[PDB]
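Undergrad: The primary structure of each chain is shown beneath.
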Amino acid sequence: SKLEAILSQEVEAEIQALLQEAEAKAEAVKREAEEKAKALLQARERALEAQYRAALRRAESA
Amino acid sequence: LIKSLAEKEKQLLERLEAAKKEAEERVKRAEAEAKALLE
Amino acid sequence: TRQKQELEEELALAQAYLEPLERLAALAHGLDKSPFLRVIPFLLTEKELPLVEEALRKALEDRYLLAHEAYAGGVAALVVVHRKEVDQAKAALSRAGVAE
Numbered sequence: 001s002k003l004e005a006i007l008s009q010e011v012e013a014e015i016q017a018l019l020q021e022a023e024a025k026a027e028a029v030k031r032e033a034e035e036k037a038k039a040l041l042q043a044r045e046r047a048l049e050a051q052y053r054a055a056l057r058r059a060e061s062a
Numbered sequence: 063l064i065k066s067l068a069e070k071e072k073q074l075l076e077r078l079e080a081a082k083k084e085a086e087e088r089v090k091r092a093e094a095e096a097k098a099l100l101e
Numbered sequence: 102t103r104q105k106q107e108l109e110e111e112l113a114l115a116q117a118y119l120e121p122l123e124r125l126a127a128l129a130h131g132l133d134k135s136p137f138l139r140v141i142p143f144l145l146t147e148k149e150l151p152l153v154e155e156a157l158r159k160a161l162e163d164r165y166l167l168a169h170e171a172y173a174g175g176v177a178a179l180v181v182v183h184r185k186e187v188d189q190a191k192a193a194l195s196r197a198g199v200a201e
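Chains as they are written, first to last, in the numbering used here: chain E, 1 to 62; chain F, 63 to 101; chain G, 102 to 201.
Simulated from the structure, these hints should not be mistaken for lab results. Among the hints, a few may not be true.
Once the Cα atoms are required to be at most 35 Å apart in a straight line, the calculated DSBU-like pairs of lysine-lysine come out as [said to hold, decoys possible]:
| no. | chain 1 | residue 1 | chain 2 | residue 2 |
| --- | --- | --- | --- | --- |
| 1 | F | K70 | E | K38 |
| 2 | E | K2 | F | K70 |
| 3 | F | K70 | G | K105 |
| 4 | G | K134 | G | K148 |
| 5 | E | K30 | F | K65 |
| 6 | F | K70 | F | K82 |
| 7 | G | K134 | G | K185 |
| 8 | F | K83 | F | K72 |
| 9 | G | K105 | F | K72 |
| 10 | G | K148 | G | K105 |
| 11 | E | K25 | E | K36 |
| 12 | G | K134 | F | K82 |
| 13 | F | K70 | G | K191 |
| 14 | G | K159 | G | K105 |
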């Protein structure tokens, strides 16, 4: 049926948009999880450098 | 004609199955990415 | 008595549309509950199929699979296009004279 083929083009439109949305949501996932690895890496580094600074100041004053 | 609704809605539903397994691959691979990040 | 009245009316209504339902079900081997196209059934009179085929030409033109197979007491004109456009076409065919 011709209108069945039009239903098929609607279904293929949904397949096109669904693979677009699938890559969009997976892209947001990989993005935000990498940038939270980023900024968290940095927080760890400044904390452990500050802790070694505490070692510096306190041992020299003692 | 009605046989055509059988014989071509079957491949519409095949396309539904392809889209669903494609969504499954996107979901599981994205979570594998996040797991590699946290490791 | 209630069981007799109910079974008699049930056997009457079964014999009224037995072979028509079976032939329409044999014609329904390609859209039974398919969620894309309705099935306008019309067990109608003799082959005035062009009078409703004018409304079918008003419907999906290279589409709306519509034929009347057998059970010659009434031509079981089965039409199938869509859901909503088929509802509009069923309204137009009932304006031309049709019944589900």
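Undergrad: Now look at each hint and say whether the structure bears it out.
TA: Tested hints:
no., hint, in the structure
1, F:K70 - E:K38, "violated, 50 Å"
2, E:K2 - F:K70, "holds, 11 Å"
3, F:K70 - G:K105, "violated, 47 Å"
4, G:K134 - G:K148, "holds, 28 Å"
5, E:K30 - F:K65, "violated, 46 Å"
6, F:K70 - F:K82, "holds, 18 Å"
7, G:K134 - G:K185, "holds, 15 Å"
8, F:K83 - F:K72, "holds, 17 Å"
9, G:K105 - F:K72, "violated, 45 Å"
10, G:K148 - G:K105, "violated, 39 Å"
11, E:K25 - E:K36, "holds, 17 Å"
12, G:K134 - F:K82, "holds, 21 Å"
13, F:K70 - G:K191, "holds, 24 Å"
14, G:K159 - G:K105, "violated, 48 Å"
Checked against the numbered hints given earlier, this structure breaks hints 1, 3, 5, 9, 10 and 14; the rest are met.
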